[PDB]
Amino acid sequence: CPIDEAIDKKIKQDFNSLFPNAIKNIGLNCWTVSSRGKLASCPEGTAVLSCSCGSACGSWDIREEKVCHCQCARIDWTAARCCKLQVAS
């Protein structure tokens, strides 16, 4: 099957040379969303990677893989770290 045999090999070769380059060209795009009160939400299309809280509060949980909730009493602000991937080119 010589041609369809060889074309596929050239595709595999070409792909292998160019994939890792195309993977180094993508990055993590992260920003913070902060709100007064006990909740801060990441937008659709992003993941929540961490939370931060005012008033020294280290105790948080993430609700529905979207919303940072700070647990301590009378919290003044909540912040979520939101990330998605970005092609840098």
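Shifts are known only where both forms have a C-alpha. Take the two forms, find the largest set of C-alpha atoms that superpose within 1.5 Å, and that set is the rigid core. Numbering follows the first chain given and starts at 1. What changes on going to the form deposited in another entry:
- When the two forms are fitted on their rigid core, the residues between these two forms that move as runs of three or more, each C-alpha shifted by 2 Å or more, fall in 1-26, 87-89.
What would you give as the form deposited in another entry, now that the form deposited in one PDB entry is on the page?
Keep in mind that what follows is only the chain, not its partners or any molecules around it.
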């Protein structure tokens, strides 16, 4: 496939320059979602990196990389730290 082969070669040549430059421009975008009560959910497109709880509650867990659950009986607020990759910054 001499034409396919020549085009394939060109694509690969172009990609060898395009990939590194694009990849180095990816950034990390993190925010906190806090909510009253015992749960705080990260938006679709992000994962939970860490949680914080009101009332100095130090007992929490993460449900399926999406929801922070503060486990103490009396809990006023729950916060999830949510992160995603960000193209071109």
